[PDB]
Amino acid sequence: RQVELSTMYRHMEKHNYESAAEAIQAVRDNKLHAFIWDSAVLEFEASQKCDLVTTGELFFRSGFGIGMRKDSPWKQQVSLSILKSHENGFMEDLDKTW
Amino acid sequence: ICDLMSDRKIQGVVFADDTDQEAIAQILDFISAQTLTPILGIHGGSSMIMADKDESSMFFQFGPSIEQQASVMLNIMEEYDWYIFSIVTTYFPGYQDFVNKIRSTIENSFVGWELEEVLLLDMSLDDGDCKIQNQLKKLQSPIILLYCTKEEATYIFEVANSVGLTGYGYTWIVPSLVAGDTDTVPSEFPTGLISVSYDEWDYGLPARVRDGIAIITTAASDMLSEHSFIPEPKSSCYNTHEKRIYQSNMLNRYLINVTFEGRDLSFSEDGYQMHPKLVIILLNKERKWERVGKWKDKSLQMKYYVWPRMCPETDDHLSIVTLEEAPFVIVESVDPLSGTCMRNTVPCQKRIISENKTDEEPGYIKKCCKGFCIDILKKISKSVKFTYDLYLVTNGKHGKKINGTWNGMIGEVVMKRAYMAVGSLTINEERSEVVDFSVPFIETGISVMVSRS
Amino acid sequence: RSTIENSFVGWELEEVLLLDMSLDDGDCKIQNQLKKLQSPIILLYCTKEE
Amino acid sequence: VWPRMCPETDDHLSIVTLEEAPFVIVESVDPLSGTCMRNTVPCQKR
Amino acid sequence: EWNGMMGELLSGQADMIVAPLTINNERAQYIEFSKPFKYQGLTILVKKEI
Amino acid sequence: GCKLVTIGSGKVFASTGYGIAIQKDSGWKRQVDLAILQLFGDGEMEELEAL
Amino acid sequence: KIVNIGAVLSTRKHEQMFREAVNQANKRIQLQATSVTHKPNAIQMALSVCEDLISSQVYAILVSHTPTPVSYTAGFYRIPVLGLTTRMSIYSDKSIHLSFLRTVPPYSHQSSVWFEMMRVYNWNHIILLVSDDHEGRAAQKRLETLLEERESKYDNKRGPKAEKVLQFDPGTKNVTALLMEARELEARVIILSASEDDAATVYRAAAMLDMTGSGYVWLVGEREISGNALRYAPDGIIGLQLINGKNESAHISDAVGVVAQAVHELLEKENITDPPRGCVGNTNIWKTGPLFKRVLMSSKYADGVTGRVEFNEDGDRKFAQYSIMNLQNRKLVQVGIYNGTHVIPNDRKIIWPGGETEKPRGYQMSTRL
Ligand SMILES: *[C@@H]1O[C@H](CO)[C@@H](O[C@@H]2O[C@H](CO)[C@@H](O)[C@H](O)[C@H]2NC(C)=O)[C@H](O)[C@H]1NC(C)=O
Ligand SMILES: *[C@@H]1O[C@H](CO)[C@@H](O[C@@H]2O[C@H](CO)[C@@H](O)[C@H](O)[C@H]2NC(C)=O)[C@H](O)[C@H]1NC(C)=O
Ligand SMILES: *[C@@H]1O[C@H](CO)[C@@H](O)[C@H](O)[C@H]1NC(C)=O
Ligand SMILES: *[C@@H]1O[C@H](CO)[C@@H](O)[C@H](O)[C@H]1NC(C)=O
Ligand SMILES: *[C@@H]1O[C@H](CO)[C@@H](O)[C@H](O)[C@H]1NC(C)=O
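Protein sequence lines correspond, in order, to chains W, U, F, V, S, D and B.
Here the first sequence is numbered in the deposited numbering, starting from 716 and rising by one per residue.
Numbered per the deposited numbering, the second sequence spans residues 85 to 398, 403 to 541.
Here the third sequence is numbered in the deposited numbering, starting from 187 and rising by one per residue.
Numbered per the deposited numbering, the fourth sequence spans residues 390 to 398, 403 to 439.
Here the fifth sequence is numbered in the deposited numbering, starting from 518 and rising by one per residue.
Here the sixth sequence is numbered in the deposited numbering, starting from 745 and rising by one per residue.
Numbered per the deposited numbering, the seventh sequence spans residues 25 to 52, 58 to 94, 103 to 190, 204 to 419.
Simulated from the structure, these hints should not be mistaken for lab results.
There are no misleading hints in this set.
Within a straight-line C-alpha distance of at most 20 Å, the following computed SDA-like cross-link-like pairs (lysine to any residue) qualify:
{"no.": "1", "chain 1": "W", "residue 1": "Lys-746", "chain 2": "S", "residue 2": "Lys-565"}
{"no.": "2", "chain 1": "W", "residue 1": "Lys-799", "chain 2": "S", "residue 2": "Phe-554"}
{"no.": "3", "chain 1": "U", "residue 1": "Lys-470", "chain 2": "U", "residue 2": "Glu-198"}
{"no.": "4", "chain 1": "U", "residue 1": "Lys-318", "chain 2": "B", "residue 2": "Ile-72"}
{"no.": "5", "chain 1": "B", "residue 1": "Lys-68", "chain 2": "U", "residue 2": "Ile-85"}
{"no.": "6", "chain 1": "F", "residue 1": "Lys-215", "chain 2": "U", "residue 2": "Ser-246"}
{"no.": "7", "chain 1": "U", "residue 1": "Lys-488", "chain 2": "U", "residue 2": "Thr-514"}
{"no.": "8", "chain 1": "W", "residue 1": "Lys-790", "chain 2": "S", "residue 2": "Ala-545"}
{"no.": "9", "chain 1": "B", "residue 1": "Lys-319", "chain 2": "B", "residue 2": "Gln-59"}
Label-pair distances were calculated between CB atoms; the ranges are:
{"no.": "10", "chain 1": "V", "residue 1": "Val-417", "chain 2": "B", "residue 2": "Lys-214", "range": "44 to 50 Å"}
{"no.": "11", "chain 1": "U", "residue 1": "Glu-413", "chain 2": "F", "residue 2": "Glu-200", "range": "42 to 48 Å"}
{"no.": "12", "chain 1": "U", "residue 1": "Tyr-252", "chain 2": "F", "residue 2": "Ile-228", "range": "35 to 41 Å"}
{"no.": "13", "chain 1": "D", "residue 1": "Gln-775", "chain 2": "F", "residue 2": "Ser-193", "range": "33 to 39 Å"}
Under 10 Å between C-beta atoms, here's a sample of chain W residues computed to sit facing chain S:
{"no.": "14", "residue": "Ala-761"}
{"no.": "15", "residue": "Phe-774"}
{"no.": "16", "residue": "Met-783"}
The C-beta atom is built at its ideal place from N, Cα and C for all residues, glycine as well.
Given the sequences, and given the hints that come with them, work out the whole structure.
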């Protein structure tokens, strides 16, 4: 749902792939010009293999949180805990891990 | 009137009644230009305006000036910063110059005025078509203006009242002559209806009699000063036919400016007084008027700082406070030529106390609010469509836990002193458990900076 | 609608309104919401009588 | 083309041009529909 | 209807989705959210210049 | 690749421009005139070249 | 079943003819009539309206000659009333006067046909000369109203448009300044709407300013030729005659006809009352008056004495016909007529102020820029 890409979305059904890894392979074989995904993952990817480069800008501010259904008390506990990590370098430690 | 001239000799006339039917004053005014006779209605509907009098009439009334009537309406809008409004009239006189004054006032300023619509009712026909009812059903504002006779206003209030424009999120403001009388309330009037009038209590009826008497007095003194004669009044409306070319009336030019007793009564050439006394009127919960404000010396002093409002059963308004913080908040002084903040910028209040040893807590001075997070509140507002407020915050930049309490905005929520708040919120576990959170709309975190030499 | 949104096509649907043929008309409510119709062409689903 | 009268208002007009880069797109309609997509507009071929 | 991890969730085939979950408007109209545990965004990728 | 360009800065012979001509001897001229005038009114032309 | 309706006219002759006409309508529920004179002043008029008129439980009245006080009365009673002779603009809008209708259009609507007369002559240029008042503002108003145009579909040139406008004070001694202004104007085609003394002034002024010569045009209606204005009136000036306007009787009749139409079709409706008898003590307007008015609006009479009769948004005679005039050797002759779409030139050859049968074109473009 947007007006602008409507051309694009109209154009993008064709060559889309099942698993982004496959895309990495494909452009990695030059069978693709470019691929659309969320940044951090790809920073990791090209960060691994010299062959590829992040895009110029960064857009569609976004983030990751634990999937849980509807309403169950677990939400508060979980997120509270995740702050309970970000409070300290646990996350940065997670970089150090991966 | 004629017999009043035949019995005694009246160089002048004073008229008043308590009634609501202004046409009295209409044909009276007509007689003014008929007989070349100064006549002062001092009170009642006899004061109400009839648009575009004769160029030959001498007549006058005490009532707000149509242009500056709606202008007072404008400043009224300037009080609580009510931007979204409309205006509704019949074919009754004045609409043209009315609207002209409206928009002409609108577009000429840095102010952020936004006018949605204006529609024209028909009170001539009766209703099988609901056309009135329908185009009223086209009205989107929380408050709108209506210009018409009290009689017409009855039928309107009825039909629109069926349409559901009378609830919370709804209010109405009408000019003085609209509701007219103090003490006569058609029930179908909307609750908490708004208008403004010449002061009911502060302005005496006999006092007014003295007012006009003095007017004609010093006036005749002004012709007698210069000319030392006054045209002999024609005592018979019958015989008035031959005196047309005889009488040479210069009186008007002196009639206009009258300086007496320190309170200027002077009118203007269009049939209105320069600085008449004006008082804002608001309807109570008991359906009985009370003087809720006054407009004096081309200026306003309100009886309340913030608008009294009930909201029996829907709490659809909320409370918000934060500190202006670069960038995210703009706070500026309002423009002197208006008094509110301009453009898309939004209002806020200032709780600054004066002396440490006193309480004395109205504690508010309006000041500009705008900027980014402000606009976040804007988008969300126009999305879920609910009201919002903002004001300055007294204690600390953000907030902290001193001992058992919280000194700051978030804390200002947890004690229910305010419902919501904004600004730059570090979203932590610490402050978490006492409050609730959204998805964050900004990514940020601890960082340091120095200079590259 | 199910047909509408599922395609690359550029369909744009303005409005849909529901008439009342049960009542009779003092209210012009039919008449009015018909007065809300902006299309150059529109569809109507009902009995010939209605 | 659709038969239409327009007795008394000529409020429709006639236009023709060549597709020219960039300024005009001309493409084949999608088989799964048969008209052109999105905001793209129709035209005829003589 | 739905399919995917969302699907097994709504159907109830599992409690927990652990994943680089895109945070949209729609899913929250169904699934609950936490604070974000990472900040990512859109990008594009292509072969480096020879 | 990026290779060709016009000579110079874009100095152009025959200063002219695109527009829309119509059936001659109409009144619709002034109307459409004021139209695309308004088109620079919103400055939407910015969006236009942008696309 | 009684029907009471009034009139006020100049002479009892039209009283007798008036009632007789009412009887001519009897063949067309029972009628009753009332009539009295015109007052010199305003007050006693309304006085006799209550005492003599309103006391009779009157549905309508007829007026001739500001007659406006009558309407003031009718309006405080909201009672529709139709007279004859007033071309004054006060009755243009409903503004002061809610219920009123007319047998003929105002002085203003002359321009309505003027424009089309230009279309007979295919003129792209004008000179608008009017003093400013209620009347004048009306004139320019409707004038420019037609001059808002070119919504279509003609006009092989760029189309007609207002060249320039000039205001001046009524009763002015000398306006010649704006006239010399009109000298540099791009056209020779002048248009005028002015009062009696006004027209005289402007004509003499033209004489001194010698714009009376070849190629000049002067567009006026009938209001100009009448009165002493004709004496000073310039040679061969274009003019008009509102058809029959000076005729009191037949107009009174056709009015009564429209009235009757309202009687038959209206009174077949329901929820009906009667207006008050005495003026004193009665503050309530007659609930149905506006409806009666709207019936008068929808009223269309196929056969009148003057023929078909029509009304505008303000309920004023529309698609009425005119006599078109011109001056020949200090004598006015009828050069044509108008219906709704066009002018019919008669057999006579239209005479211009200058030489013979040449119809000049005032678009002459000064090489001075
Ligand atoms: C009208 O007649 C003559 C026409 O010229 C007037 O004379 C002009 O008057 C205006 C205004 O007073 C002056 O600005 C001009 O300079 C005058 N020009 C000439 C040639 O006299 C005359 O003033 C007018 N009549 C009266 C009685 O004032
Ligand atoms: C006034 O006279 C003109 C002159 O004929 C009439 O104009 C004709 O009008 C009819 C229909 O109204 C058309 O079919 C003709 O083509 C017109 N011919 C011309 C030469 O104009 C006009 O109709 C007459 N007025 C009225 C009210 O009928
Ligand atoms: C006000 O009154 C003074 C008293 O002489 C007079 O000179 C002046 O003209 C008056 N003001 C106006 C606007 O006429
Ligand atoms: C009014 O018109 C009639 C009919 O045309 C005609 O007799 C005359 O012009 C006028 N009436 C009288 C009595 O003169
Ligand atoms: C007044 O007239 C109307 C219109 O015919 C009709 O409903 C009835 O006669 C009266 N109204 C009511 C509500 O009875």
